[PDB]
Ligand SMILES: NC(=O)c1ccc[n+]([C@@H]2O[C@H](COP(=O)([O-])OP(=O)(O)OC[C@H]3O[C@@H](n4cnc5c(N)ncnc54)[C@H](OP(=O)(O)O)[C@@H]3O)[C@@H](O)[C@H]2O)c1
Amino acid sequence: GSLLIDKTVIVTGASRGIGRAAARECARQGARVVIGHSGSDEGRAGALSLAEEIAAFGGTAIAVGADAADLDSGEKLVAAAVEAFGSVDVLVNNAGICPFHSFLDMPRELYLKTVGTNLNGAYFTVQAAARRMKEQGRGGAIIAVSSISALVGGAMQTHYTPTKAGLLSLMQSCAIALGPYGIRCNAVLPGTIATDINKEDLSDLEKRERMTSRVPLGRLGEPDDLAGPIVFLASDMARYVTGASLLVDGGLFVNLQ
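Can you give just this one chain, in the form solved without the named molecule?
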């Protein structure tokens, strides 16, 4: 594919799941990809194996550790991208956590780590990438991976849903601030995205059937289901799209019981 030929794409949280699938598809569309990961041993291992898979089909990618909760990570990722590839053209902000926990006994540290990682870290990663895009003067695209939970509630996600709605709101306000520099800012809202079914347990499979019944398309999402929408929003197919959000949920949001 050639939707992102000669663009440098940073993807945060890209060692597994949606970010992994997005980074891969960006590389398949001709981009040179900075695979950001958490800096953990599993994160590094997944980032490097993705880099290998990309190298195998002729792509170009590097892996960069950068804990999203560390607010210095944005400039570290931009610096690594500019050092290796000379530019930053697309940011896919995807790193996040969702430690389910009840509201009335939520500890401060868990709440603050969730906001810190999902929203504050995103803020300054977007800021670092957008600064570089403005300095280049060639435009850019920023995509925040948020969630259907940006639009509705979850009882075990009182600390989590505000960060997802926060991300949507950040893209709306950045769209105004960065529009004069040709930088488009949008959000994708994944619904229920499943992990590999061959690795699930029997109990995990029984919950899969109930959640699947809730989706009009008749199946849970896969990480690759988010790659097309992310690459669309990063590309010239979306040349007039900014300040927008896009549900990628198989109809889950509209399917009121």
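Numbering follows the first chain given and starts at 1. In this text, rigid core is short for the largest set of C-alphas that superpose within 1.5 Å between two forms. First, how it differs from the form solved in complex with the named molecule.
Of the residues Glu200, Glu52, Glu42, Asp224, exactly one exceeds or equals a 2 Å C-alpha shift between these two forms once the rigid core is aligned, and that residue is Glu200.
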The other form holds:
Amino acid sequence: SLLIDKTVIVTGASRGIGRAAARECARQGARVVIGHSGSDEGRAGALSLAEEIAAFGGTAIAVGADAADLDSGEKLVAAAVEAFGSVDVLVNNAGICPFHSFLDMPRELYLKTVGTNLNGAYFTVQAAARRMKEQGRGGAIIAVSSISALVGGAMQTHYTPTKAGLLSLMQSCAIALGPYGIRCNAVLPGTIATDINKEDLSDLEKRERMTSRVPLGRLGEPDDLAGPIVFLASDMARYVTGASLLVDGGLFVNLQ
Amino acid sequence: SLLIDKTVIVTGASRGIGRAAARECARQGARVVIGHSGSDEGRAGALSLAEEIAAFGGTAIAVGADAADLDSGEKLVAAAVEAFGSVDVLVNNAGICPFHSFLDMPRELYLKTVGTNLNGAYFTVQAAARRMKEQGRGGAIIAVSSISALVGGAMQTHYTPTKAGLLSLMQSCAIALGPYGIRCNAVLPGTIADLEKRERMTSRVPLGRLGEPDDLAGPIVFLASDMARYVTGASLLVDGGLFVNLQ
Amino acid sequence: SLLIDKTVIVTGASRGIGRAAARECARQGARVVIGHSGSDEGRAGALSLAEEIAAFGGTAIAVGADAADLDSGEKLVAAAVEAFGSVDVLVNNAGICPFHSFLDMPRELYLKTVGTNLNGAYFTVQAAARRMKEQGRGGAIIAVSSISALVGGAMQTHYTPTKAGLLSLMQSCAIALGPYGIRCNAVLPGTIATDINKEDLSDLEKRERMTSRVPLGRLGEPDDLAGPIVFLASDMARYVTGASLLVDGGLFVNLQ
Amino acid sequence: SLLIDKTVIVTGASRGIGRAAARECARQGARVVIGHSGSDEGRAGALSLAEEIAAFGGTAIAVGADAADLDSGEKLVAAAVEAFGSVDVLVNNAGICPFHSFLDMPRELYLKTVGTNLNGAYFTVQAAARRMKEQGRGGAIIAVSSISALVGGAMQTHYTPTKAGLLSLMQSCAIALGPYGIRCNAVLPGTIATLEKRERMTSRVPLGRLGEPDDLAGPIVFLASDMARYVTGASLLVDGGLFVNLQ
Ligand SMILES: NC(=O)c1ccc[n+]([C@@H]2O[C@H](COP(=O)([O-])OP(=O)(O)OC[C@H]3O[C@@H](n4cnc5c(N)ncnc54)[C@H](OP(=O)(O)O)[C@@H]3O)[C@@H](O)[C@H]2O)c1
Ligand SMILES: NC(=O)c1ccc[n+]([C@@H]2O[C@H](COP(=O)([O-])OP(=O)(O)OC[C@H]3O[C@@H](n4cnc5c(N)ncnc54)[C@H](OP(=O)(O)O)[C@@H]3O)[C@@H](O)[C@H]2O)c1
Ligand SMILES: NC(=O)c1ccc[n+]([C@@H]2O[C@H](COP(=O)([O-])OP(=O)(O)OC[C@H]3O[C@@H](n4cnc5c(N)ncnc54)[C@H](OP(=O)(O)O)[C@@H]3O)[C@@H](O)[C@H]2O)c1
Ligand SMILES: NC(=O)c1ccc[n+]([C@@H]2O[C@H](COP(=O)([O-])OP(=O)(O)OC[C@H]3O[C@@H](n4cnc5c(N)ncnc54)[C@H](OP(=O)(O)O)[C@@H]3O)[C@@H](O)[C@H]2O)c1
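In place of the form solved without the named molecule, output the structure of the form solved in complex with the named molecule.
Starting with the chain above, the whole complex follows.
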């Protein structure tokens, strides 16, 4: 009952963290806009989650919107107002992570990662915030960043600046949207077992080395992020804006 | 619904932030141990809260336990097991903030500040963690630090190291207690409630209002619940945007 | 002295922080590639600094390289090698901060800021790291970020993520370029009195109010960054990589 | 030379980082006051460094000053002005790190840890800062903290809050001493080596080598010099990239 009758837009919600965060939002009474990339795989996943959300009495719609396309922000807002009447929460989750070495990093891979992880998020946040301010009823914006926003990654010279930039956008947006009662925060997931980690997880030796680094003793699951996202979108966090929240099982603080 | 059949110990729960957290924890279904300094004001406030919690169907006791006395942790843990038979959550909230200039800080005031704010919290955490481990069912530990754990204060040279010290403790203990399923986190409140000075402080909060003690209940109950089962070693600002608002 | 027999590239060295840093490295015995954007004003300033560096026996050349142009980084390294034989230090300083509100941010303004401050830096850092690894004698890279990498600004929703992304790029590049003896760090200046913020300093009430928030009791000057920048590029910082350093007179910690 | 005519006090300056920093300041023209713990070996090391400093033309004195004894701050200051007529820089390096598990952490072990690392540093800083204000010619203060001021350590639950608090102490003192031209900053060294496990620890450092005391003398002399005239309330990691290299 934390988001009853609220409209929640979750970009990249056909798989992994976004999918489980869109489910728990409908379980908290929200009508969810299930944004996806527009591919035929993301359409299969977004419509699969919709079947599951309606299965427990929820209500949700699938919207195709490539994050790299800067028009996608207004496309999601329009389809959310038209189906449910408002936009109350934006969970910005869409992003890529193509691991690659720095010195031979192709230019087009860098811009593709920046355009998708940061550029599209900016104007997706702007279009959602514009609707929130017009309504005058406040709102919440949560950006799924990463632990990599505080530390480095050798194969991620193109990826971590977009996660660190995503965190810094919530800080400056909190000051700008504060006078309109719009809260902007970021969750920093640690090591979550998801579709990006398929090849690395099957190796048992690497997985034990990854698990050994986490004080809680296990890798993360998409459901582990759903709670803190519903929390940051709720009245329980009514005085929380411009903040970050690690969800990593203690990974960041466990210096070897 | 979030804390059914859990035993929560809140130190300094007679006034301010700890009082509002203890009340909310009781609403969530928890058996709460209300801790106070043992003074007349602390004992009176602990009673009044136990009266209100009992009136709406809660379960709570009131235990006096000076945070500076390093024995209080085991005293509150013994009082908790004796009444409810478990210890599952600890909210270390007790603390003082006596403003004072730096170049003339007397040893007495500093040692009382570090002794109340940090030294007592350490062994209060130690006591609660000892019971959680031997129980074998996990548990949560939340320390009420401050936004002053990330920045400084000229009249708080003796105070901000204890806040940042409390944050560091939650980082280390989360390592040493992760295998026993004991999560440790720190909440960082901002400015929680001269009218010309009151609005000048409000001018710097992007949300446009000072905090209230109930603004810390939600964040504390979230960290102590299954909503945060993968959240340990983290800090959470609860300040209305005060930290990011640079000018 | 500290930078003898060393070639330092300093982008955006015609004015402000870059001009002071390039002059100081030359005072420490280095041969400085003075980078500018190519404008007539920039070229005049780069030439003015070179003539000053020659006045006290130093050696420097002026090279135009539009940071918004992603081909400029390879042209900067080539000009340095051709004239001096090596690239040993890179001070990435070129950047802009066009103040603008968030909700009506034009697409051109955001993309111009991100492309200049972050995207151009990435490939200027790549081209310089490529030469340093090739030479086999290590190097140093210093990105001029900002205190805005740790906090926000309501009129800088597009600008602070490029500063936070520069810091994080240095963290990730420290790991990737560590085995080759290349140290990567970032300086976070506070409010330095330059042309990037001159309109706010044109007001006496605004200038004195900003000074009130600095514990050291004065706004920064460009030379206040030259010392810290030369320290990080020298053997003094032998064991310093992936770190940040505030040069703000205490502005960050002074909670209001 | 960057520290000519300046008087520098270095606590814990008989071994490790403090010894390397005290010698490096002497090579920069400073009159060094080599503080030590008063132990048998401590006085030997501090007196051997003063002859080594005098061997290359420097000027240094040795002063026994137990950091846990809060009287030490004014003892070093008075000994510095008696010997050199001034106090211009304070390098607070003295500290202990006794690794110990948390759930059976003795009370007296915690109290010695915090007392030496934080409380004793507090009043050493205060004693030096009052003399710097009395001279009215500015000053600089450097606190040797650690990477553990930002992360956790399961066997260092008593240790990391002391180092996180020393950072928080420089932040707040920066504000309180800014108006007097006193800069306060902290260095955060990584694994400073002062063989099966030594190989694995090196594999986590991007620079590919562990730390040595001299690796910290450059950062310290920089923060103490005019090259950092606008640097106060800052912290500098000197860890060869250990903090940023996750995994
Ligand atoms: N998994 C981890 O361990 C981890 C750790 C730290 C941070 N993160 C971040 O958290 C986010 C969620 O990751 P995950 O665990 O769910 O795995 P994931 O496979 O990376 O999911 C990311 C989602 O973004 C969508 N996507 C890719 N390109 C898109 C585009 N143009 N437009 C719209 N959506 C696009 C993806 O497909 P669809 O559009 O079809 O939904 C996907 O649903 C990611 O952005 C990731 O960077 C993940
Ligand atoms: N309010 C803010 O703006 C703010 C800002 C930053 C941090 N904080 C944190 O919030 C915590 C409580 O402050 P508050 O806002 O709630 O103000 P408050 O109304 O004065 O609350 C103080 C509480 O801590 C207890 N306390 C103080 N000294 C104690 C001692 N020796 N032994 C046992 N208990 C002691 C008190 O118990 P008794 O009732 O028995 O006296 C009291 O319940 C503190 O730990 C502080 O660090 C608050
Ligand atoms: N000043 C401050 O208070 C402050 C605070 C925080 C961070 N910073 C950072 O410090 C850096 C420099 O700031 P500043 O104070 O020196 O401002 P400034 O006085 O305006 O100088 C900016 C320099 O960057 C160059 N520039 C702008 N766009 C360029 C482009 N496409 N290509 C190449 N060069 C370009 C400029 O060269 P031209 O002469 O050719 O235009 C100029 O030399 C910036 O990255 C800024 O973000 C400054
Ligand atoms: N070793 C590392 O890798 C590392 C890493 C990060 C941080 N640190 C921190 O940085 C500091 C220096 O590192 P280190 O390895 O070089 O330490 P150390 O030399 O091995 O021993 C501590 C130094 O301070 C002195 N000391 C201990 N207790 C004292 C007391 N009451 N009063 C006065 N002096 C006392 C010691 O003896 P004397 O007084 O006789 O000289 C010694 O010079 C340490 O305090 C440590 O906390 C160390």
